[PDB]
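Keeping the supplied structure of chain A fixed, place chains B, D and C with the ligands upon it in accordance with the hints.
Listed below are the residues making up each chain.
4 protein chains.
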Amino acid sequence: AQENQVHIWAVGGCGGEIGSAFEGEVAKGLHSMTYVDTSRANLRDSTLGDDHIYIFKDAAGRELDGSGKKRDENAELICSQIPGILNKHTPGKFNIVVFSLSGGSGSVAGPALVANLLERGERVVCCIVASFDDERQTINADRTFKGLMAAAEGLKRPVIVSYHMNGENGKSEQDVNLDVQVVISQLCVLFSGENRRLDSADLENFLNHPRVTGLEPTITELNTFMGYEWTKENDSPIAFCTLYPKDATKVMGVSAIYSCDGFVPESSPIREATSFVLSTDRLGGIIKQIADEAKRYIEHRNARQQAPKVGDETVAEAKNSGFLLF
Amino acid sequence: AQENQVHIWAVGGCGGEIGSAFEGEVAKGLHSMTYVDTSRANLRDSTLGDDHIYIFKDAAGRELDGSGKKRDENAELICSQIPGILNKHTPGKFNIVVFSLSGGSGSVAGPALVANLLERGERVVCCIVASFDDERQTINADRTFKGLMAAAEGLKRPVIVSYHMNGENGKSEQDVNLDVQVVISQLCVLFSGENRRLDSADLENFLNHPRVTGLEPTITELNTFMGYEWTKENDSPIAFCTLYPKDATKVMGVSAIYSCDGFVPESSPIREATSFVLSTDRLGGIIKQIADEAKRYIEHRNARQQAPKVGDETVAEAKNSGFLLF
Amino acid sequence: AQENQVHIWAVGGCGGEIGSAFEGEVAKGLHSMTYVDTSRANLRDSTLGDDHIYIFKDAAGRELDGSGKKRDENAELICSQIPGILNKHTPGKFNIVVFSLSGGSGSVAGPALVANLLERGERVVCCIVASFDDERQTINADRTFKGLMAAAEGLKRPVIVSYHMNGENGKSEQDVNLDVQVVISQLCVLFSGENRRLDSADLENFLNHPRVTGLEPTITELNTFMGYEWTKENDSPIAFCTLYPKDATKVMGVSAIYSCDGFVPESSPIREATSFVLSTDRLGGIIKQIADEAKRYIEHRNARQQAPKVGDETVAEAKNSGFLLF
Amino acid sequence: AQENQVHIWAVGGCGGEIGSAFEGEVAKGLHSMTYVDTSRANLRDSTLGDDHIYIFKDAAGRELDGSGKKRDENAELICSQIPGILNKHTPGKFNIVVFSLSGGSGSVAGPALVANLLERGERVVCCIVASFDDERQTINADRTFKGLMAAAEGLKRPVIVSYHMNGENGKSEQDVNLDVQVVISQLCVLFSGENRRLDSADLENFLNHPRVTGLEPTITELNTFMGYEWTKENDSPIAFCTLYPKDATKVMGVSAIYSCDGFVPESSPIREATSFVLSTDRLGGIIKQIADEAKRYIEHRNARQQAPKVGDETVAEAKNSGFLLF
Ligand SMILES: Nc1nc2c(ncn2[C@@H]2O[C@H](COP(=O)(O)CP(=O)(O)OP(=O)(O)O)[C@@H](O)[C@H]2O)c(=O)[nH]1
Ligand SMILES: Nc1nc2c(ncn2[C@@H]2O[C@H](COP(=O)(O)CP(=O)(O)OP(=O)(O)O)[C@@H](O)[C@H]2O)c(=O)[nH]1
Ligand SMILES: Nc1nc2c(ncn2[C@@H]2O[C@H](COP(=O)(O)CP(=O)(O)OP(=O)(O)O)[C@@H](O)[C@H]2O)c(=O)[nH]1
Ligand SMILES: Nc1nc2c(ncn2[C@@H]2O[C@H](COP(=O)(O)CP(=O)(O)OP(=O)(O)O)[C@@H](O)[C@H]2O)c(=O)[nH]1
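Protein chains in written order, with the entry's author numbering: chain A, 1 to 326; chain B, 1 to 326; chain D, 1 to 326; chain C, 1 to 326.
One or more hints might be untrue.
One copy or any two copies: either way a pair holds, since identical chains are not told apart in the list.
To be verified - In silico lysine-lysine, DSS-like type, Cα no more than 25 Å apart, as pairs:
#1 146 - 319
#2 146 - 28
#3 93 - 70
#4 57 - 232
#5 69 - 93
#6 146 - 156
#7 288 - 88
#8 69 - 57
#9 171 - 295
#10 288 - 93
#11 309 - 232
#12 319 - 93
#13 146 - 295
#14 295 - 57
#15 156 - 69
#16 57 - 319
Don't read these hints as lab results, they were simulated from the structure.
For reference, chain A alone in the conformation it holds in the complex:
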């Protein structure tokens, strides 16, 4: 009941909340959207029907009610039901998987969706939000990110990631949601297929850059810019695709291995040149920042005072039901 050119996979509660602003676009036929979550708590007022909502179910066929930031809890159930999701909801030509590395549901169904879509040969770009409010969230972000890195090397296909941070620059979760929504909205225009000079084969090589560049397949970061001022700082990316409005000057000074051009129709809401840039030079910084939080919480964990423990003989004395010793 929707156009399947671009498919948005709002995985997890964080992905569902971020994608809740794209429900109107589905009605207008811009793109198809599918919610994937282990709980229906966030989705109590979605405009889309249950035909666009999938909730993971246990062995008894009953819907789960969240993972509670515990990735290992429902890993088997989620990984087993991922193929079923793709059959019921056919992936679009270009897929946008949105999830959070910190939760226990989005960070398991997210990489599982990306791995299956990449293995099937689909074109998928992941929008990622990472939080470090707790030790559990930080460890989940560390393990999920390493999982994606292992996915790119294991599948020999790059995993394009639009990374985001909850605590960056003191931005609230509302601010981060606006940032991600801008990236998804721009990716919708890029993947719409209505661009004059941009073909499907061009975007296939853009997303699967090692086909053309010959570089080693690894996780790649996607950055989106407007105007031409971004060329000074990122003059040497792996690849980039730029969409220009009518009678717009090209971008110069960028020496990329691969490049693409597109011309946005006058009706579409793009008024200045928009560039989608792939690079892996900032991956080391992102990994270091994640490891910094992990080290910080490990040091803080080692500062925990040991809890007062009752004697082991007392426990043996409390073998009576109710653990009463009198």
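Chains B, D and C with the ligands in isolation, oriented as in the chain A frame:
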């Protein structure tokens, strides 16, 4: 005849008096409530029917009339009838067992209920009141608390306790009742399941923290705060779940192993951010204070003057019925 | 004295009562029927003669009078006499074993008949009624159902089961009887062999699906629908066979591994497309529901008050005949 | 000279008087009846012939003339002559031993008959009347009840008892007789074997419940109810068998380990659902009441004034024949 989302187990006379303020909520469907006691002395004017009241019975099937602050008197009867209580009164999804460590009934049926609910896999939080007015009460409080500590280690599942004191800061029993009623009222909102971003699995891991944190299972203290000023003193809790009103700023500076977020509906009576904090750093202080009272009463007991005993030969002389010396 | 195209094995009291509505069909040559039971109490007014009734006999050659919901009582006798039943009453080309999982007779002679018929290479479909009124009935249903699951894996041949529930939707036993009678009546038309486009080899592969599908042999659930509305909910079965009336549209949207078609003669009482769907996706739900009742009765059993026991010395004192102590 | 489906053993004077209302039923072939007593005082006008009356005889082969509430007087003779009673009067398929725990004859021949019938493998249900008018009656009732409990525990077979009280609710002996007669009539209807869905094995497992339930064999109390209102108070029985009239709704809300169903013929005098319920939760109350009566009578006995005893020297003086002092 009541909603079973949250179940309040008013165990003992102290628990019954504290819970008597929640009878109106039962009629309004907020939560289900069950009185558990060895006597009907306090429950002579309860609005709830006898279907919500369970009184322990002896071997002959006749209701008891209290334990008289003697824990060992009816321990076998209470522990044997605990499973029957849970069948007749089905435990709610979240259970709140309220009892006093000093009495002989609440301090036995309380830990028995908690041990059975934890063993069955239910989610239970205990509200506890401790008194040290008499040596018997002090020894009972010391004994019951050690029993709970052995219960947490024996069941490998934490026993969350909202600890309270009768003699703290010169507060009367009425003042302590208001303090506990606030905690139970807030726990009712937390466990209501109507929070937007809070799932049952989030609360399951919050209550059973060693699943997520990996810490050793032990008795854990629960503290509840409003606003954000509490972050300065308790910046290092094991876990904490915060419920925010509409457009409320998050809590910063708290580095917990696990945390949860929730958003209170506008209709519910929460107007400022309420935090439910779990920590075990004050357990040593509580145990020390309890042991201080026990030492004080042991010293006072050793100062008792020996009662003037009649001669043993006189006892042999008074073997006549009625013990008459003539 | 009857046509042997379809054979109905009314096993047990529940099976005999359900099948008592098919006695008229036997006289009209629609199918052959055989009552198998450990007691003749229910069969005091059957139109069919004793040549169509088999009652289990003990070692002395005398007919039993029921099992009393005790499966283990006559398991040896029943399993020993099953081959004798099949010789005296030759199984039809398609067999319909009807029995209840709760009783002690139908739940032993039922699976015994199914295991023998499957081992001999016959084509058998079981109609099953499960009850959970008592702990004994629930445990019998749990053990019988697991027995059938072990039968399918041990024989490497699926055990097709038309599952039914006594307490489902508050339906009375009369309502469940009507539901089963409809399924048996439809299976009679399917197995009649008078369908234009349906062959015996097609039905052989339909019942023994792993021959064609290659799936693992296990217990399979049979569901029957009229019309085409069922396709929305069960669009992904293992296999399904549909019987269409004259000039009836085919079923679309169902992606099954195996499928069959048949055209009902105009005289036969089928007026809309009837589908026979095999699936194992609801087996987990059925097993969970059975285990839920078993857990409930185990908890209820642990709440039993221990019976008052006279002293062991008193028993030793009552060694005198008549157990009188004076 | 009578139908042997149900056998009524009217033991003792109390049993004979209660059973005197069933002679017409014996004349109509409903059931066989046998009077067993140590005296013929009550049986001076019985319609039944002496072939249905057995009177205990002493060593010299002459009939006794009662025990006079002294159990130990003729215990050996009764225990020795019990097998002869069973040989001369063949026990029915279901036996109903009716006796009083207070007398010296019924309370000895009753338990002996029950123990012999249980040992032989027969199915026996005891109707019991207990009186506490005298200390001797109270002690006899206590001793007989303890003996029955010992028999149930030592035979590993439950002793089903329909307990009755003479002094309960101020009911006269006529009222207790009517109650016991109603219970016996209902048991006769249950045991008639003419019920549609009820087998002999069903009743065998119902009476010998540890075969099915697995519970410890002990004395079990039988209670009979009409309608469905009894479910509220006795929702947790060990077992229960219900007889329904034509088109009668089943009983719901009763969670028993074992249960049976039967359908009364339209001719039989049952117009509403009749339930026979087995439970051991009220045994403690009965034992407590009996012990309370025994304690009361012991206290009253200890208050007896010592009889004025003549001097022992006077007794030595009165060694003359006739004990004359002169
Ligand atoms: N920037 C955002 N961060 C969010 C949002 N929702 C949650 N989060 C953050 O993500 C983390 C929790 O991730 P999720 O809410 O997706 C948890 P998940 O869906 O995986 O499990 P359940 O909560 O059991 O559904 C935590 O740090 C939250 O503060 C959101 O809309 N925006
Ligand atoms: N803060 C409160 N303390 C209470 C309250 N009621 C009793 N207590 C205190 O608890 C202690 C006695 O415990 P309980 O009254 O619960 C006695 P228990 O129920 O175990 O036995 P019974 O009195 O025979 O029912 C003693 O120190 C009391 O002062 C109350 O409503 N609030
Ligand atoms: N839906 C139905 N359930 C039935 C019917 N007859 C019995 N039952 C249920 O099945 C259960 C008892 O099973 P059966 O009567 O078949 C006992 P079985 O034949 O195995 O042993 P006997 O009674 O000794 O012959 C119990 O729950 C009954 O309520 C029936 O006609 N329909
Ligand atoms: N409810 C009834 N109680 C009875 C009846 N007959 C006697 N009793 C009571 O039972 C007690 C005496 O028991 P029995 O009459 O059976 C004396 P038993 O037969 O053992 O000796 P004999 O009197 O020498 O035959 C005493 O309390 C009587 O009041 C009766 O018909 N109904």
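Exercise for review: Just pull the numbers of the violated hints for me, sorted ascending.
Suggested key: 2, 11 and 12
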